[PDB]
Amino acid sequence: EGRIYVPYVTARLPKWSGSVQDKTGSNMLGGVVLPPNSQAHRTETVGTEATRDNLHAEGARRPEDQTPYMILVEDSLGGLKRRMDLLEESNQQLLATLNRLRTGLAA
Amino acid sequence: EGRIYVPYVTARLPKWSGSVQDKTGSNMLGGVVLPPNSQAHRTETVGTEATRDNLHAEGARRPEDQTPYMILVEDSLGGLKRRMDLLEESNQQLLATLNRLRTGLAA
Amino acid sequence: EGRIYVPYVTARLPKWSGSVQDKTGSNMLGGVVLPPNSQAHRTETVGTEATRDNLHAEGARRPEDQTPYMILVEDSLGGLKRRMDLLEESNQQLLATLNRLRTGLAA
Amino acid sequence: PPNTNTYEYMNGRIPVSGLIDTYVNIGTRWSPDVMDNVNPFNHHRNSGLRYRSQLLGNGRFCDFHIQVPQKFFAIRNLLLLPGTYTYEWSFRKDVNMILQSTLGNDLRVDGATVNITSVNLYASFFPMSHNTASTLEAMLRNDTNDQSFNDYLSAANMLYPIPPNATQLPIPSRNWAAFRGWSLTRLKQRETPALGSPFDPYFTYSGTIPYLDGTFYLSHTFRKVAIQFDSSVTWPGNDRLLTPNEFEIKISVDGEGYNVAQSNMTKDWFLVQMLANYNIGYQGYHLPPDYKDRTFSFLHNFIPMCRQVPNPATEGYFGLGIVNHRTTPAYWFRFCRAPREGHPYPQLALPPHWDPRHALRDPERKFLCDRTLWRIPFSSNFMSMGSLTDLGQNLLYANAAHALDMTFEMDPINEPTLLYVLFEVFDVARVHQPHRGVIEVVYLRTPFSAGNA
Amino acid sequence: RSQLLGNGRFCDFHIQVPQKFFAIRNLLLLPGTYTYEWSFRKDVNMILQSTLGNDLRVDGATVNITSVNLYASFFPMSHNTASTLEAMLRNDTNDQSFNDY
Amino acid sequence: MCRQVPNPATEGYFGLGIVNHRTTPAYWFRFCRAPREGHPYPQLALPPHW
Amino acid sequence: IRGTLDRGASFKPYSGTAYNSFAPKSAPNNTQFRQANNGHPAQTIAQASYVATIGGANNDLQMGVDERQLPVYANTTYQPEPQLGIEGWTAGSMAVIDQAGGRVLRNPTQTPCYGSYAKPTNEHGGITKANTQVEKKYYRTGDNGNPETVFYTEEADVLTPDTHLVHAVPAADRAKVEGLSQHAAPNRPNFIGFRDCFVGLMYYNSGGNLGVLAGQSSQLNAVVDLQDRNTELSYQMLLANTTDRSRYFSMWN
Amino acid sequence: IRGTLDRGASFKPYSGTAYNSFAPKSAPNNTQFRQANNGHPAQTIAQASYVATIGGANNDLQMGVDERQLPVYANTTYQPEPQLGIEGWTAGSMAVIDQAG
Amino acid sequence: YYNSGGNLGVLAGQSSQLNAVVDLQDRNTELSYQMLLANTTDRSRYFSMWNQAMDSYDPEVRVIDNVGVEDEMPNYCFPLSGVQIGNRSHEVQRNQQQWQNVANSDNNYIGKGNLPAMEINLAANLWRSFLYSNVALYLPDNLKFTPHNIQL
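Residue numbers (the deposited numbering), protein chains in the order written: chain V, 4 to 110; chain H, 4 to 110; chain C, 4 to 110; chain B, 457 to 909; chain L, 508 to 608; chain S, 761 to 810; chain X, 103 to 355; chain A, 103 to 203; chain W, 305 to 456.
What the hints contain is simulated information worked out from the structure, not anything from laboratory work. Any given hint could turn out to be false.
To be verified - Derived SDA-like pairs (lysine to any residue); straight-line CA-CA distance at most 25 angstroms: (1) A:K127 / A:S112; (2) B:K549 / C:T54; (3) B:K748 / L:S580; (4) V:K26 / V:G62; (5) H:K84 / V:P71; (6) W:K448 / A:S128; (7) C:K18 / B:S905; (8) A:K114 / L:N561; (9) H:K26 / H:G82; (10) B:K527 / X:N307; (11) C:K84 / H:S20; (12) A:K127 / W:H452; (13) A:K114 / L:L511; (14) X:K238 / X:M353; (15) H:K18 / B:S675; (16) V:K18 / V:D68; (17) V:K84 / H:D88; (18) X:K238 / W:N405; (19) L:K527 / B:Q739; (20) V:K84 / H:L89; (21) A:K114 / L:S580; (22) A:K114 / W:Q455; (23) L:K527 / W:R349; (24) X:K221 / B:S675; (25) X:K231 / S:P768; (26) B:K527 / X:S352; (27) L:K527 / W:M353; (28) W:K416 / X:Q137; (29) A:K114 / W:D362; (30) B:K527 / X:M353; (31) H:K26 / H:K84; (32) H:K18 / B:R831.
Please put together the full structure from these sequences, using the hints given.
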């Protein structure tokens, strides 16, 4: 492709933070505070400063990182993965069928 | 991925327009003037200033927007979609076959 | 998508070179010096200044260009291609099976 | 082979004679849109290259012997005085830079090799009388008579990457003084070797290098250019052009018809080019005198062309599928190359563009201007009234420093390219020779003394 | 000139016609308003040309003018200088003179 | 002007006898002028220079 | 500057070919294919076109009587020559040839006569090749008992430089009857040589290899270059302004 | 000036033709004349030059087996195409075509 | 319009109202302009803007320079085979008889003689085609004749 990352003069950084996306990141005790961006972050909310568990669409503190959310290349990456899985499933079915047929014939 | 859009200092905008791609966009009455870029745009052309319909490779004013053209992530997005469709088709076939076999056996 | 490449103020170029990636590029006589980036490039190495053939993971001077390496959109592009191939293979199998069955029945 | 830069590959690929048969655009002086972005110099009809080739022979192996001249301006026409000097210089060996091929295939992979055995330096001295020669020296050794030269091009070379399919391209930079003018074109990354480094590992090309020989051919791929100082004051402003907010090189939709020369080039751009090259425009447009029309001039390379094509939204004419295209059957071939195949039958491809059987069509204009550079002199009237323009001597610039911002809008291409800009300046240098075997030179390129920061 | 318009029977042209009358070709008008009018033929057999010279008027040859504009380029001469130049060119002793070639 | 020629003291390339020179046979002719004479066959005259 | 140059194998300073350029890009040479396999060994396809020929015995094609009574026979190594043949258009064909002679290749990899070349092996030019074997195959018409056409089969170092296969019918099993259908086409012309004004042969605008030119006593280099400047292009434009950039001057290439 | 132009039907910006320019100026297409009248209706003069062709049943010219067991048939609307044909010069003729189209 | 009192162009100051353009159908502006250009510039180059492309003719057409035709060499066209196939040979051994069959496969193809070819004076044709298309079709109508069975 001959595409030279990265041309764009760089930012110099955010300082105040939360720059990255779907880092996910965790709180205190807490755990699971959602990747900057997403609806949960937009809404001013209360009760998350000092308590664990999930009070958002995504949660439990058990599963992370960097949640694959919305649609990026990753969604295509996630979508691509899904497609691959579907293809694999289809292949299995076919195989099974064939086998059965053979058996029958033999009998 | 932790990829912070967008670092690159921003443009400040084009002003003179037509910046976006495959917006498609429509004319007058017209309709269908092709997304900036593509061969149609490069060629100096006449007859499009005051008349509708398509006098380009892409047309009719019935179908738009933002035509999925050439190859981007979308082509992969389009390509991915095509692949998925193919997989689905393959799955159908298999199923059919199986059914037939079963029937036969029963008989 | 209406995504106006390219907003980011441009680089002005590297000058000293090797900016592009997986260009692959070839040496002298040589041939095959690996796309800037990749492990081979990082390691200071000797014996490549004046001699052909591959003394790297990738080689022979027969195959190039711009090797599809690691994971980019291309890997998805490569991955997508692989998925498509798999789907095609699955479809073939199915077909075969069907045919066989039919034959049997007839007999 | 895998390498698409190999001779075998370019010699194996089979093109379809259908895409360019004796009936293509019958009746026009139009060039295939698929070739407008293809280096026309990398052709086997390049008299220039073909000459040098035979100048060495027809054999693969050949013991050459040439004379290389000095091109560095600072010392080209210099007149050294008595004394001894150390004159050293390096020479490349990269076949892909010293050699050139019509196809531009990677010579480095096609077994292309060169070898230098010996190198000598010749110098001719005028048999000038010692008496006179002595007097001349005495004078040339006075600071009041120091020799001074200046690169002919005189301009800082800049290169900005243009991502594939990109359309807009902004470029930030700032000059503390006043230069002469702008000059620019467009080059293909693959055809541009990364200079500065004693070797380019990613340079798999051997065709003509527009960046050096000056074989440009992508100036017809620009739409508009916008210049602004201090990110606010547009230049030239003052409502000079029909479109005071920018320089529209070409328009797609006529609208008003700011196009001239029966092409797609605006009237404003045409005027500018004429003034910056022949100072012609304020008193009628006429073919300038021959001595001013060199291979690197504008008009000399300007070639407008038009053609009509069957309008797609006219009637049920359908799409002439290249896989169904049949013309001169039984005498033609689908993979067009092999012998004759088919059966005599009334063809169908290529719809009529005349005669009572003519179907509704549509006009299409464009142009080409190769081996040339777009100019935008930094003068109040765009005319050349001296090396040191008037604006380049205006207090507004010499007094305070400003910031520059240009925005180039060009046609999308399916490959990495570059925006070759040329900030015309004053690259002058004085040579002072006080004593025997002593050379003191003083360079000075303003603006852009030593880069920008 | 033929190919300069295209190869199609139908073609939307766009040209620039210069002034040929000597009395006003290289004339140098001064500030003020003037009425500049002129007519244009439409006879295909005079505006157009053919290799065979066949009667175009009978061979279905037709032309149509949609719009016509007048362009004029002025030198961005300083008002101070331009003013002086005018003062001089307005004296009978400096009247411009031309002559058909 | 320059040109390369098969060096006579290189390898066993022998001397291309003008009386044995055959190129485009059956379409060519020994006294080259009259009609076509011979039979299509891999020629030999003029050694490769690349 | 003096030295050796190797344009490589990709150097083709011309279009078309220099080997049987008038030969149809489909017409094959004397190939002895095989009849779709089975139990049909060999199979000749050629033409015996040699000047008359008194007779033809076990020895071979008689070229005369070697001055006097003793009948002379064609020298296998080069006779008959694929150049020779009857002189009469109709007089030659209408007269009919009782004893004809030709030369043919046996079991080689078929290749269109277009651009076919081989290396010589004798003062006779003949391309007999390393294999000393040569077979004088006698043919009849089917009911007559006499060598109407004598063929001197041989193997050649057949190859193709300025030509490639434009149409390859079968991949493998090529040397069969269906293979001769293959066609050839000349390789694209590729000229190679030193650029204009030898641009690039010398380093310019590169701090890495900046040229030096100073007095031994001064030691202070008078050549200050910047990778920002462009000497190469500068020189080009300069010439196009002082002279007619259309003429040629070998010295400066 | 801007407008529309109609070069008429007498406009031919080129020599020769753009339709079967290699076709003999005497060789006719697939014509089905009549035999000097009498009681001889129709009469075909042409040529069947199509790539092999497995067979030929009531359906039409078989172009293969449409992937698998079912034999595919040429689409009347455009098959066979007057562009297709055997690849071999002698190999094609010497082999003989049993089923031509 | 030029030199036509019927459609004389106007160019006068609104205040003056006195037309400054006085034309006479006796003068010829058109031609005058032509000659003018051929004296100040090279009337051989082209300039789209003014559609300036002086008319000219091919020197070889105006004055025929029949220098003959270089056709010392005969040109031939050979079959796509390189030899017409029509008969089959049969490699047979002598002695013991009159000549015994080979048995090793049969039916070959050998042409006794040269390759059947057709001749055509290439260079000649081109010369003739040139003439007829550049001077024959342009001869005065008086030297022509209406084709056979054709409505005109």
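Hints versus structure:
{"no.": "1", "hint": "A:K127 / A:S112", "in the structure": "holds (22 angstroms)"}
{"no.": "2", "hint": "B:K549 / C:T54", "in the structure": "holds (15 angstroms)"}
{"no.": "3", "hint": "B:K748 / L:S580", "in the structure": "holds (23 angstroms)"}
{"no.": "4", "hint": "V:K26 / V:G62", "in the structure": "holds (14 angstroms)"}
{"no.": "5", "hint": "H:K84 / V:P71", "in the structure": "holds (19 angstroms)"}
{"no.": "6", "hint": "W:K448 / A:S128", "in the structure": "holds (23 angstroms)"}
{"no.": "7", "hint": "C:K18 / B:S905", "in the structure": "holds (18 angstroms)"}
{"no.": "8", "hint": "A:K114 / L:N561", "in the structure": "holds (13 angstroms)"}
{"no.": "9", "hint": "H:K26 / H:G82", "in the structure": "holds (20 angstroms)"}
{"no.": "10", "hint": "B:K527 / X:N307", "in the structure": "holds (11 angstroms)"}
{"no.": "11", "hint": "C:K84 / H:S20", "in the structure": "violated (37 angstroms)"}
{"no.": "12", "hint": "A:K127 / W:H452", "in the structure": "holds (17 angstroms)"}
{"no.": "13", "hint": "A:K114 / L:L511", "in the structure": "holds (14 angstroms)"}
{"no.": "14", "hint": "X:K238 / X:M353", "in the structure": "violated (59 angstroms)"}
{"no.": "15", "hint": "H:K18 / B:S675", "in the structure": "holds (23 angstroms)"}
{"no.": "16", "hint": "V:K18 / V:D68", "in the structure": "holds (23 angstroms)"}
{"no.": "17", "hint": "V:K84 / H:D88", "in the structure": "holds (15 angstroms)"}
{"no.": "18", "hint": "X:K238 / W:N405", "in the structure": "holds (16 angstroms)"}
{"no.": "19", "hint": "L:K527 / B:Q739", "in the structure": "holds (14 angstroms)"}
{"no.": "20", "hint": "V:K84 / H:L89", "in the structure": "holds (15 angstroms)"}
{"no.": "21", "hint": "A:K114 / L:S580", "in the structure": "violated (39 angstroms)"}
{"no.": "22", "hint": "A:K114 / W:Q455", "in the structure": "holds (21 angstroms)"}
{"no.": "23", "hint": "L:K527 / W:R349", "in the structure": "holds (20 angstroms)"}
{"no.": "24", "hint": "X:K221 / B:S675", "in the structure": "violated (51 angstroms)"}
{"no.": "25", "hint": "X:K231 / S:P768", "in the structure": "holds (20 angstroms)"}
{"no.": "26", "hint": "B:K527 / X:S352", "in the structure": "holds (17 angstroms)"}
{"no.": "27", "hint": "L:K527 / W:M353", "in the structure": "holds (15 angstroms)"}
{"no.": "28", "hint": "W:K416 / X:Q137", "in the structure": "holds (22 angstroms)"}
{"no.": "29", "hint": "A:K114 / W:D362", "in the structure": "holds (20 angstroms)"}
{"no.": "30", "hint": "B:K527 / X:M353", "in the structure": "holds (15 angstroms)"}
{"no.": "31", "hint": "H:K26 / H:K84", "in the structure": "holds (21 angstroms)"}
{"no.": "32", "hint": "H:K18 / B:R831", "in the structure": "holds (23 angstroms)"}
Of the numbered hints listed earlier, those contradicted by the structure are 11, 14, 21 and 24.
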